[PDB]
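Novice: Spelled out from the first residue to the last, the chains are:
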Amino acid sequence: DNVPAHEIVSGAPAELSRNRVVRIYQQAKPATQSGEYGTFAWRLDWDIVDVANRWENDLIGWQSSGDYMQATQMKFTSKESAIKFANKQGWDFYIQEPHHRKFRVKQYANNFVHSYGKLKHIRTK
Amino acid sequence: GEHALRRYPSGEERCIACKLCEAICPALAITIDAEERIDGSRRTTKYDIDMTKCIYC
Amino acid sequence: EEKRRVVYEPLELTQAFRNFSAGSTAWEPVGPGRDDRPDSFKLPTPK
Amino acid sequence: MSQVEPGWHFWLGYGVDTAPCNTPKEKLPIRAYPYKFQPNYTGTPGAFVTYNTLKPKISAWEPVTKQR
Amino acid sequence: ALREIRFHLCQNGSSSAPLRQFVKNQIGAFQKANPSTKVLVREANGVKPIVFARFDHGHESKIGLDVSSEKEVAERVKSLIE
Amino acid sequence: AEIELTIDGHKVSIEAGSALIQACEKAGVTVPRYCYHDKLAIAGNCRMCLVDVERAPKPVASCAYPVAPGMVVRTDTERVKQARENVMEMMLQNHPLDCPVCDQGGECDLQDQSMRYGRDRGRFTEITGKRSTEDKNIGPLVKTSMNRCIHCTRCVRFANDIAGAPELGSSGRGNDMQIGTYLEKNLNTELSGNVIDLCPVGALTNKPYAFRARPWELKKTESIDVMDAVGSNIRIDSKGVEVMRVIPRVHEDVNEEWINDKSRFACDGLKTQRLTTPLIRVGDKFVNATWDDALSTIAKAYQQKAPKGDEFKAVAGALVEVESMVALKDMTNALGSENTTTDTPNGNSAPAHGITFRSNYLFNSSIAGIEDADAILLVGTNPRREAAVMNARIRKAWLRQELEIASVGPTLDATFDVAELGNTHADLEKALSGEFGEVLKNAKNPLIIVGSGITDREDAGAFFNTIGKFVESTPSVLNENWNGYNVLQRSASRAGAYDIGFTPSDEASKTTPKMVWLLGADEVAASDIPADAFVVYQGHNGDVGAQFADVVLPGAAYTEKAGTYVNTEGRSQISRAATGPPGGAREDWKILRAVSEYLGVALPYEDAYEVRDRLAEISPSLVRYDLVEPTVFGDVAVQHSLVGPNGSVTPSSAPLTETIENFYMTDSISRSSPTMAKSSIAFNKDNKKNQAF
Amino acid sequence: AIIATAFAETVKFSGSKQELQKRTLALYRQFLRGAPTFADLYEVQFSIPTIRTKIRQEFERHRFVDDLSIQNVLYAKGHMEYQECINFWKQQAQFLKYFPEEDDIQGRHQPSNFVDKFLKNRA
Amino acid sequence: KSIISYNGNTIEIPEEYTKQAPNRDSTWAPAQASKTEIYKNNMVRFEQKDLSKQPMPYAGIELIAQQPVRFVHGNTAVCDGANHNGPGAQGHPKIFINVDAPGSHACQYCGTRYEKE
Ligand code: SF4
Ligand code: SF4
Ligand code: SF4
Ligand code: FES
Ligand SMILES: [Zn+2]
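Protein chains in written order, with the entry's author numbering: chain Y, 37 to 161; chain I, 116 to 172; chain G, 226 to 272; chain h, 70 to 137; chain f, 4 to 85; chain A, 35 to 727; chain P, 2 to 124; chain M, 19 to 135.
Next up, chain Y with everything else stripped away, as it sits in the complex:
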């Protein structure tokens, strides 16, 4: 199922496959934009490490880091491919299943439906 340690032929540090957890997901539809072009690929990136994520240099005020994977992120065409890759490397992962908008029928004419009782609210346009 999962490649153990020390028969990975990549040469990466053992710590990568021992005490690091990656996460696989699809990017969420950004709330700020209506475009959806970034949401189809399956990203893979590493969960952060507490001590080594980022600190502030005491000279010019920069963001120092000891985590060599903080900037790395792979793109895959499909969830199964990402799973296969992570398994072949021996990475512990978690899958975050995507959420989608539930379909509902929208009619422009619905803005002008006659109301037989009291108006619940004044639509304004």
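Warning: the hint list may mix true and false statements.
[Claimed, not checked] Residues of chain I placed beyond 10 Å of chain M at every Cβ, according to the derived structure:
(1) 116
(2) 137
(3) 138
(4) 170
[Claimed, not checked] Quick partial rundown of chain h residues pointing at chain A, CB under 10 Å, derived from the structure:
(5) 126
(6) 129
(7) 135
(8) 137
[As the list claims (entries may be wrong)] Computed cross-link-like contacts, DSBU-like style, restricted to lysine-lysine with a CA-CA straight-line distance of at most 30 Å:
(9) A/712 to h/124
(10) M/19 to A/319
(11) A/464 to Y/154
(12) A/273 to I/168
(13) A/544 to Y/156
(14) A/273 to h/126
(15) M/53 to A/241
(16) A/115 to A/164
(17) Y/161 to A/719
(18) Y/115 to A/60
(19) Y/120 to A/254
(20) A/73 to A/170
(21) A/464 to A/475
(22) M/58 to A/319
(23) P/118 to P/55
(24) A/115 to A/73
(25) A/45 to G/267
(26) A/544 to A/342
(27) A/45 to A/430
(28) h/135 to I/161
Hints were generated in silico from the structure; no laboratory data involved.
Built from N, CA and C at the ideal position, the CB exists for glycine as well.
Since the structure of chain Y is provided, determine the placement of chains I, G, h, f, A, P and M with the ligands on it from the hints.
Specialist: Leaving out everything else, chains I, G, h, f, A, P and M with the ligands in the frame of chain Y:
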């Protein structure tokens, strides 16, 4: 050659922290921070260039 | 200095790599294009 | 070479034809501050000391006790 | 137990049916029998019926409740409580 | 039923009556737009979405053209492209040249679609110049630069329809049409922060976040909000060591695409008043100290105090995660104590609704269940404050179908018409035996909403008894296809606490503790702590709880650790750490594990996977994430917990009061935020900026 | 033409495990034989028995790898390393990477249980 | 003048070098570190160093605050900050400022203040 930040004739800075310079820099030399100045202007509170990363492009 | 030789150590950066690829476009940029296939290499349509 | 005033530095490099003293008033920068020329101070106590212009990102709590 | 009992069981599973019955019928009887113990029933689809008892100073014990009858569930529980 | 049509040669099948743009979206064809949005009424004023349909002579608005059988749609005709260019040309004519200074820049739809569909250059060079627009002050949360408004009316549509705040609207006519209030009035609603996301251009912008970053330099992390108990899904944008902003991400079964203003703007409380080093009280002052020194001081206080059994009390606050609660409860049990209390009033005693079955303290109808409601009775609860997005959900349900809402409890300002049946338990008896009880009996999908504020009353037994009797009688309220009984928690951690049995024992409530351990626990008063008690505080911000302590330990905040939170639905959700804890702060369950080792009761787990294993041991539904499964014990639970043991309780004559006095400041984080402080004093009822008349 | 260099072996993936173990043992013998040459070349402080011990540990690390292709790759990389060492292509700096234990004690505090790891934020 | 350090010892700094700028005493942005704090945190690197040589440029906030308000007839003031003497485009992008509201309205790029009269 070396870098310098300019002013308007009135002496107000010209940099408005738009951070395009930060985004284009091929050596990632530039580090910028910003926030609303007390008079409401959009200005930088930190603008660093690492002259040992810069490629003077 | 203690060992008098060039030693290898885990990576530690003074400034961390800032990946600005997060700002990729949210709109498909180019589209489908057009096909330049010669007519002698496209399957025929019946009738 | 750092002691050459700016503007003369450009003239001496064949940047411009007309020397700074011969340039019209229109093509002179307007300044709202006093102009001061300072050469390269490296190797002296006047060398530039860099620093972070921002206070720390996260501000710690000022401890205060209350009585039960 | 003295202090805590926990019931794990599937909602739709067939192997949990005696557990569902034991809970549904004698959960009140069990509670009144042990008025100081705290009883929890927690359900999830993939899990196999198990029970956990917590006696004192954090000591806990568990038995599997893959059982045929509501009776047999009851004696498994009683054997845990002892 | 579902009808058929062709879009750009493809074959797409869609429900009849849907808009053409829904069909295009389903068929994988991209259509530009501005004014259209999935959660808002259809407007059709931007004219960006034009397409050609063979029947129509002229191009048609895709967001508002209903689909019909056999329709043929082309989104790629030369006429369509020329149309998009023309529309963009006209859109940008008066748009200000503000991109370097606009906060939207880099994530602006006007930019992206001008770049994708507009012309490379412009034709408008008029010596008279462009139009300009006054700026309008609508409160301390949403900064306005109205030159950039493209008049999409998303802000108006949302403020009117979704949040029920009708002060926003469009005044004037033609070129001088201005979005605003026509006079100085705040956009006063707890959902106001969402017009920031809805406005496609930078006209409406986050004010506390203004000018602080650009989208391309932000690290985006998907996590879980903990301000309320709804469990909204959010995206945390951070650069380096500090968190910049919080924006919603879609989860159609929890918050839809919205979050309330507290969840959005209390992020600024995470970078001030923080706890960074252990503190030890010496005299009347705290002194900084090392982790070893702190923990050894706790151990020495434990050996000197010598607590027996329930003399070691543990209190859990509104914000803590499940793993930390589990650690704390296990350690306290291993000390021989059962005094694992919650922070709420009367939290020294066990809750009146019981703990045995989950359906006793959850939103048994899912949050999505509100969509089906035909009648709702609110008992001692104000959802507008306790769960804002759920209030919006109830509002949407009420607008689009007939629905009867009545409430018992304080007179509440609601976004929907409610019937007030009284402020008292006697009024509840009258109602449940009266006309609204009859309405519930007849209803097809009824649901009864009980506030968590009632559980905190001493007479909670009487209310739970009355409600349980009514439920056990009426089959519509509780049958095998629909559970209408619902408890609405307000704190993100109450559901998880009840799930693990973080409930005091009967004999524990009698004892007077000699040592108290506050985990969060910032609702504590002077009264609930004995003077002689040795108090340990563990948290992330400096608040009253830390003021009460003898030793303070810094713990991580919800943005700095990957924890489990259980919302009102009983849904178990996992968060992700955006940044690392500041200073010398630590992960909470690690803190508990280490202190337990100093106490000689060393916990059996020292690794996150072992923590998840212990969680699976406590309950199997903590490890199943994003899953809701109904209870098979619906009928048993009501009888065994609500009507059974609550017979003896005597109802008081005290009227029901509001659970939370101030919506904006309810937590340590929220009380540490300058923005919430400013918002609270800006959005006060007695301020004319928030009146209308 | 471009001819191979000293101690170069053409890349060949063994079709059978046994034919691979023959080569593997040959390579191990070559490493053991070369140990004194390595000790002379790289001016090491430590002893030849320690070189040989290190080699044995390196060969031990993959003693239970099953799939044949992975064994082929490991053998090829091991030979590339041997050729790198024996031809003095490597310098002392890269050679001593193999030998992290013979450097002195790095400090007083190398945490082992949860409390010492926790005190240093490495728990 | 006298800043106490984290050590508990005293650091003496001339008054002129505690000012944030030659023309302004106090900070002009919440996140901006004051000179007092700069010295308190970096005093090791400031030893035996001559402060009068350090850059100390003028604070532009006051310089723009000294510029008089421009009065305009209509409802919109147009500003581009151009240099009428030199060639090319040397200003900032041309924007239009609405002045119907009471008081002065600042150019978003250059800070020049306009008012309707
Ligand atoms: S942030 Fe950079 S690009 Fe933008 S105005 Fe300032 S110096 Fe120029
Ligand atoms: S709203 Fe968009 S197009 Fe307009 S100035 Fe801002 S970033 Fe540019
Ligand atoms: S302010 Fe934004 S959302 Fe409102 S009309 Fe203008 S562009 Fe549309
Ligand atoms: S999106 Fe259809 S006309 Fe605006
Ligand atoms: Zn200007």
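Novice: Taken at face value, is the distance from the CA of residue 161 of chain I to the CA of residue 135 of chain h at most 30 Å?
Specialist: Since the Cα atoms of residue 135 of chain h and residue 161 of chain I sit roughly 39 Å apart, the hinted pair is violated (cutoff 30 Å).
Novice: Is the Cα-Cα distance between residue 115 of chain Y and residue 60 of chain A 30 Å or less?
Specialist: 21 Å, holds
Novice: Taking only the CA atoms, is the gap from residue 58 of chain M to residue 319 of chain A under or equal to 30 Å?
Specialist: 24 Å, holds
Novice: Given the hint that residue 45 of chain A pairs with residue 430 of chain A, test it: the Cα-Cα distance must not exceed 30 Å.
Specialist: 33 Å, violated
Novice: For the pair we were handed, residue 120 of chain Y and residue 254 of chain A, check the Cα-Cα distance against 30 Å.
Specialist: 25 Å, holds
Novice: Does the structure keep residue 115 of chain A and residue 73 of chain A at a Cα separation of 30 Å or less?
Specialist: With a Cα-Cα distance of about 27 Å, the restraint between residue 115 of chain A and residue 73 of chain A holds, given a limit of 30 Å.
Novice: Just to be careful, I want the Cα atoms of residue 53 of chain M and residue 241 of chain A compared with a cutoff of 30 Å; is the pair within it?
Specialist: Status holds; Cα separation ~28 Å.
Novice: Would you assess whether residue 116 of chain I, listed as outside the interface, keeps its beta-carbon beyond 10 Å of every beta-carbon in chain M?
Specialist: 18 Å, holds
Novice: Using 10 Å as the Cβ threshold, decide whether residue 137 of chain h counts as touching chain A.
Specialist: Hint holds; residue 137 of chain h Cβ to chain A Cβ min 5 Å, cut 10 Å.
Novice: So if I understand the rule, the pair passes when the alpha-carbon distance is 30 Å or less; does residue 45 of chain A with residue 267 of chain G pass?
Specialist: 23 Å, holds
Novice: Do the alpha carbons of residue 273 of chain A and residue 168 of chain I lie within 30 Å of each other, as the hint requires?
Specialist: 21 Å, holds
Novice: Just to be careful, I want the Cα atoms of residue 464 of chain A and residue 475 of chain A compared with a cutoff of 30 Å; is the pair within it?
Specialist: Holds, at roughly 15 Å.
Hints 13, 27, 28 from the earlier list are contradicted by this structure; the remaining hints agree with it.
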